[PDB]
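Chemist: Here is what each chain is made of, one letter per residue.
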Amino acid sequence: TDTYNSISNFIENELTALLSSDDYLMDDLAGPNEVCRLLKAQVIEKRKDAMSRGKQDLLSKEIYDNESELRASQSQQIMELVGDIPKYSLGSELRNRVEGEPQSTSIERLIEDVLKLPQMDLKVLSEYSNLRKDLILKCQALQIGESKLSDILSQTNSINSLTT
Amino acid sequence: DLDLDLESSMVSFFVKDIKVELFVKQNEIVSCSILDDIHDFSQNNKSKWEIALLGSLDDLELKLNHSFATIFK
Amino acid sequence: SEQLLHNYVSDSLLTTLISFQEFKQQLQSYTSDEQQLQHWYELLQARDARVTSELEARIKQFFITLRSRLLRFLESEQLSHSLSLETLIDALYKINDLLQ
Numbered sequence: 001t002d003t004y005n006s007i008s009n010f011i012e013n014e015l016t017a018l019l020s021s022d023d024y025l026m027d028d029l030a031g032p033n034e035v036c037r038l039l040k041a042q043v044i045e046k047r048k049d050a051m052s053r054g055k056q057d058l059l060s061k062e063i064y065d066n067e068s069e070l071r072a073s074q075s076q077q078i079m080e081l082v083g084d085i086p087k088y089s090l091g092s093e094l095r096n097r098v099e100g101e102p103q104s105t106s107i108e109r110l111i112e113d114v115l116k117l118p119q120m121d122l123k124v125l126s127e128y129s130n131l132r133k134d135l136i137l138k139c140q141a142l143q144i145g146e147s148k149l150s151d152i153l154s155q156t157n158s159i160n161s162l163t164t
Numbered sequence: 165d166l167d168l169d170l171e172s173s174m175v176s177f178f179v180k181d182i183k184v185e186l187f188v189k190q191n192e193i194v195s196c197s198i199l200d201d202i203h204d205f206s207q208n209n210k211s212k213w214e215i216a217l218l219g220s221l222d223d224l225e226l227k228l229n230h231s232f233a234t235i236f237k
Numbered sequence: 238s239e240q241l242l243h244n245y246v247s248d249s250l251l252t253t254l255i256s257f258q259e260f261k262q263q264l265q266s267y268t269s270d271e272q273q274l275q276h277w278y279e280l281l282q283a284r285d286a287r288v289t290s291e292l293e294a295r296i297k298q299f300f301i302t303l304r305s306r307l308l309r310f311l312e313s314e315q316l317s318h319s320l321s322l323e324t325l326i327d328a329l330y331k332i333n334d335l336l337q
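Chains as they are written, first to last, in my numbering: chain D, 1 to 164; chain B, 165 to 237; chain A, 238 to 337.
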C-alpha cells in the first residue's frame, strides 16, 4: 500500500508548506512595507533549526513509532479472532474442493478425510454435525461393501468351478 | 502413445483426443484424471467418468470401450 | 500522537514566541504609532489561532483516514487467512454425492 508516500505528502506539503505560504501571504495582506518586511527577519533567527529536513523526517519517524504501538495493540485485538480454525489442520481433498479444480477424485482420501474430520448459530453446528455423521456412516458402509463384494467374488469362484 | 517410468505407476495417454492420466499404487487403480477441455464438456460429466474408471486394472480394457463409445453415439 | 502534532504546530506557530515587547522595539525605528501597531499585532494573534485550529482539523481527518485504510488492509489479510464454514458445507454436499 505504501502509506509512507501519503503520510509524507501530509507532513511535507499539506502541513508545513501550507502554514509557511499562508503565513507569508496573509501577513503580507495584513499591511506598510517596513513593518511586515522586518518583523519576519527575526522569525528566521528564532524559528531556525525547526524546518531542517532531517529532524522532520524524524518527526515522521516518531509519528511512525506512535503508529507502531497503536498498531501493535489493535493488531492483536483483531488477530486473536479466528472464525474457523486455519488451513494447517484440515484435509487436503478439502482444499481441493473449497479451492475447486481438483482434477482427481478417489475414495481413499475421502474415507479417511471424513474419519479425521472433527465435530464442532446452532444452524450450521447442527447441520454440519449430522452431515459429518451421515458421511462417516456412508464410508463405513462402503468398506463393508468391500467386505461383501470380496466374499461374493470368492464364493462365486467356488460355485463356478463346481458348475463348470 | 503413453509414457511409462521404471515401475509403470505414472502414465498418460490419449483415448480419443483427451489427456487421461492414472496413478496406481498396485493392481487396483487408485486415482483417475481427465486433462483436456473439449468445448462441449460439463463438470458433472467429468466426475461421473473418473469415478467409473476407478477400479481394477484388468477391467480397464472393457471399461474404456464402454465409456467412450457412448460419448460418440 | 495527535498531541505530538499539537506540540509541533504550536512550536512552529507565530503567536507565542513573538511577544509585544520585541515587536515594539523592532518596529519603533520606522513607525511610532503605538495603537495601529497594537492592532496589527492583534491581527497576528487571530490568524495563528485560526490556522492552528485548521491544522488540527487536517490532522484529525488524516488520522481517521489512516485508521480506515489500515484496518481495511488488516481485515483483508485476516479474511484471506480465515476459513468459512458455508463453503465447507457446500463441499460436503459434493462429497455426499460422490459417495452416493
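Read the hints as simulated data drawn from the structure, not as lab findings.
Where a beta carbon is used, it is the ideal one built from N, C-alpha and C, also for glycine.
Any given hint might turn out to be false.
Unchecked claim - Taking beta-carbon pairs under 8 Å as the criterion, some of the chain B residues facing chain D (in silico): (1) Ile182; (2) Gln190; (3) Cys196; (4) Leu199; (5) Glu214; (6) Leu217; (7) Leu221.
Chemist: Does each hint hold? Answer for all of them.
Modeler: Verification of the supplied hints:
Hint status for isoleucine 182/B relative to chain D: violated, with the closest Cβ pair at about 12 Å, above 8 Å. A cut of 8 Å between beta carbons decides the hint on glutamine 190/B: the least distance to chain D is about 12 Å, and the hint is violated. Here the hint on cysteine 196/B is kept, as its CB sits about 7 Å from the closest CB of chain D, short of 8 Å. Taking 8 Å as the C-beta contact cut-off toward chain D, the hint placing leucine 199/B at the interface holds, the least distance being around 7 Å.
Against a cut-off of 8 Å between C-beta atoms, the interface hint on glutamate 214/B holds, since the closest Cβ of chain D lies about 6 Å away. With a cut of 8 Å, the hint placing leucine 217/B at the interface with chain D is violated, because the nearest CB-to-CB distance is about 10 Å. Taking 8 Å as the C-beta cut-off, the interface hint given for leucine 221/B is violated, the closest approach to chain D being about 15 Å.
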